[PDB]
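Peer 1: The lines below spell out each chain.
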Amino acid sequence: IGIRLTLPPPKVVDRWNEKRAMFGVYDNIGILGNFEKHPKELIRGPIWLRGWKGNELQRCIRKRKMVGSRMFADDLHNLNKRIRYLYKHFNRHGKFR
Amino acid sequence: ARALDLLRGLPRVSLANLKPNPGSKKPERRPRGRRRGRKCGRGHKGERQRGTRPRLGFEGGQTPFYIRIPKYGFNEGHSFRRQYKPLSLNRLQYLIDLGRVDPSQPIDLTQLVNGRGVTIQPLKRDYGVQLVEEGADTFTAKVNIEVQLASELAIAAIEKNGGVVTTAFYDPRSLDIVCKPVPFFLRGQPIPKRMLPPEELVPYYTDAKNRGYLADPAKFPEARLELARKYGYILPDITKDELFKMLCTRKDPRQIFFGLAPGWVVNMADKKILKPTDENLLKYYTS
Amino acid sequence: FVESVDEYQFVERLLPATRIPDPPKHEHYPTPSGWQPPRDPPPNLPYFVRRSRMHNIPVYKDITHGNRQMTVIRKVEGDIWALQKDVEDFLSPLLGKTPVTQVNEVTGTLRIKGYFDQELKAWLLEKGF
Amino acid sequence: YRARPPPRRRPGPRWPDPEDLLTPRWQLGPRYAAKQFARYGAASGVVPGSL
Amino acid sequence: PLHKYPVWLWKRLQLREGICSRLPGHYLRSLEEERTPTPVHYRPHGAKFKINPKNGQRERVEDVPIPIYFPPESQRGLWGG
Amino acid sequence: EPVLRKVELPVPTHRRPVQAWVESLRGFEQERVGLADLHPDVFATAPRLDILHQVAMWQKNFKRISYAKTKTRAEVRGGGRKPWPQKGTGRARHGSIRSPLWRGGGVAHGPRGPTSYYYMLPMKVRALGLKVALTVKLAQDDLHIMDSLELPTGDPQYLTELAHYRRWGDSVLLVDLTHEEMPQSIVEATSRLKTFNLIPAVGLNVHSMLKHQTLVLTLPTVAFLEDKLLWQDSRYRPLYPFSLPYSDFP
Amino acid sequence: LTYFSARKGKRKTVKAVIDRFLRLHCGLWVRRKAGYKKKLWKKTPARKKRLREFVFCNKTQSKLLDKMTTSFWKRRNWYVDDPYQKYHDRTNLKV
Ligand SMILES: [Mg+2]
Ligand SMILES: [Mg+2]
Ligand SMILES: [Mg+2]
Ligand SMILES: [Mg+2]
Ligand SMILES: [Mg+2]
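Protein chains in written order, with the UniProt record's numbering: chain P, 32 to 128; chain R, 10 to 296; chain H, 38 to 166; chain L, 25 to 75; chain F, 2 to 82; chain B, 45 to 294; chain V, 94 to 188.
It is possible that some hints are incorrect.
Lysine-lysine pairs mimicking BS3-like chemistry, simulated, CA-CA at most 27 Å apart [to be verified]:
1) L:59 x R:280
2) R:48 x P:119
3) R:34 x P:126
4) P:84 x R:34
5) R:151 x H:62
6) R:292 x R:202
No lab work stands behind these hints: they were computed from the structure.
Chain P with its partners taken away, still in its complex shape:
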């Protein structure tokens, strides 16, 4: 048996808190603001991902370049190993040549 018996507590979502009521506001700051700013300049998050996209290999390479010299030793060694593996995989393994 892998199914619960009593009902879960009700997850109450407040669809009108501040974060949801104001979602998206200023996502047209460029078109409606004389192009002073750009939408990407509102993306809050990692230093090395604000307004950029890519597969895991490119993401790891970018992380190494921009914060590789600030990383803890073991995390950085893991990152280098990961880049090595992904290089081998994306460049030698796969259905399509």
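The hints should help you fit chains R, H, L, F, B and V with the ligands onto chain P, whose structure is shown.
Peer 2: Below, chains R, H, L, F, B and V with the ligands alone, put in the same frame as chain P:
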């Protein structure tokens, strides 16, 4: 309209109603079930399936196709063979008519680009424009065009209508400045001075047959009359034109913009132009 | 060491413009290139075909699979079916059969099999678009 | 709820302190000062003669 | 996580915190300053630019110093460089 | 005393403008204070709901970083040695106690690192979406116009009652011109309420409009919107970012 | 080839092709008939005539070489005096 009337009697539009346009969001494929995944499409056992088949272009040991064919310099030097974006007379007429370029003002590269007539890429070894004979017929415009090359037919097409065409040169560093000036005026560097042609090109820009900007401005009439005599029209006396003072205007070598002297600094914030006064700086720039 | 001069007139000749300028009031048509302006007042038909940003006729060639030739009449406004009937009448004599077509009443476009860009441009000029 | 004040670009010239260590190598020198002058005028404080 | 300063700035940070912070200014300047040694084991390229023969264009050139080992026995003598 | 308003930018000669009432918040029964004209290409575009979908989905996803990481088979602690030799025993072959197979191992294919989902649609598509949203919220008797968002007193009860009196809906999105010029009364009132949201015109977006049922623009706002959205059709292709100076672009 | 570089993460081209084939902008590839420079003394004159020619590459070869070269080598190239300027475009192609 019609559809806007339909919307009135439908429910309010909201994030609960949206949809993708049919045919756009193709469905996904995952290896689950008796069809998608039992071998998930990878085939029988063999290095195909494991994802370990040789590199793209390996013909199984037989000497590959791209290695048994001898080398030949189809591309040797390609990064240094200069390139020029054509500007057909058809396109020049089309731009003139719709008011994009202004024939009552000297047409340099800057005014071809600021009207989005051609797209110059300095960084890919484009040096400038070349007029091409296409559309010599039907071209009827009085333009003072400064380009970087010209077939003799284009020279004709521009002269027959009382126009002056002159072939200038722009080095890769100044071409970027002339093509997209406002970025340069933002960099803050003082306006550089145009370099002279390379060794291989001076015989081109010092020949009256090509309306070169360094050939002597006294052999031009002979060239113009020769061209007219070959192409069966009468060289109009431009000296009597209502605005010949404009068709005369030219940029001297070592100048990028028309009314700006190398060494000035453009201040766009305050609407000013700053000029030096130290004798050494003037000496360097005026040469 | 430096002195400020505010002539400035020769840089403003370098600043580009963002708006496409209204084409100037020529005196004969078609202009040397072949550009006519749309008639005025607009012709009285069920539909309309707007001019682009650069004032040309929205008739565009198109190709797919390297052998499917098509044309699109794009910015059609109003009853696109009337324009479909008109185009079918106009093209049927040329091809020797009624030409297969698609109508996308949402985007407002009429797509036509075969290459007929110049014919359609002329025809939409005659009717005064 | 009143939406937060809009995101406006960092006004005026951006002079980074030179004694700090994170202020990168390229935000101190002649080129950055030239760019600030060109983009903000005499208010930037750059003496023109340095250009 | 991530440090607030990179790894190679830790030395320069240390030269500002503790006992090293009270050293006189000129000593710190003489310590932080870096100078390339005069070339000894390699022929330095004369100029900042050069024409190469394979194609014929003007390419930039730099001189990359050979890395040389000084065993500690030299610290008691004057090997020159 | 009517408060009229004509469309400033040129209208195509084959399309008449659309129109709307100009209401006031100064009183419960102050609708039809004036009559305003609205430019057809910004308030009467083709419906085009699918573009509304494109824009709302981009507006949801372009600012998403997924902070989900799962330790691969080489990032989990330990796991170096071969647990038992290959041939001797009778157990299954294994070359680590941290394969995905084993308990406590690593995920073979899991969320790797912080993932960005950013992408940008052509600017024209997003402006077109804005126009589509405005026209849909007009065609369905939901868009309004106000001379100003002024109010008699900042008490939120007044604003919510007024919204009840006119069948506005559950939620109202009030839009004013500049963040500094919204009157004191409206900002004070709309701080306490929950389904009433006050934004300056520079923040108008598709998702925040499709969420709220009613959209209430000031008149200066509609002028601003017509200017900034008509600028997209009939502009050249860019030569460099519009943040850099141009001859005609403020 | 290398589908992702270790240092930038872009595709990379196989430079052994650039030195052997020319991409006419609209699809075709031209090569130079291996066996043509050397041993020209016991080859019949007709054979020598054949070997000097610039020949095209069939569909599979062209697709392969398109894969082994990035986008830069497929652009529109406006060279001053290009002996292959007139071959960049197909004219009157039925299917
Ligand atoms: Mg998949
Ligand atoms: Mg063998
Ligand atoms: Mg391990
Ligand atoms: Mg093992
Ligand atoms: Mg675990």
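Peer 1: Quick one, are residue 34 of chain R and residue 126 of chain P close enough, alpha carbons at most 27 Å?
Peer 2: holds (24 Å)
Peer 1: Would the hint linking residue 151 of chain R and residue 62 of chain H be met if the CA-CA limit is 27 Å?
Peer 2: Holds, at about 17 Å.
Peer 1: Quickly compare the C-alpha distance for residue 59 of chain L and residue 280 of chain R to 27 Å and report which way the hint goes.
Peer 2: holds (16 Å)
Peer 1: Does the structure keep residue 48 of chain R and residue 119 of chain P at a Cα separation of 27 Å or less?
Peer 2: holds (24 Å)
Peer 1: Check the hint pairing residue 84 of chain P with residue 34 of chain R against an upper bound of 27 Å on the C-alpha distance.
Peer 2: holds (21 Å)
Peer 1: For the pair supplied as a hint, residue 292 of chain R and residue 202 of chain R, is the alpha-carbon distance within the 27 Å limit?
Peer 2: holds (12 Å)
No hint from the list above goes unmet by this structure.
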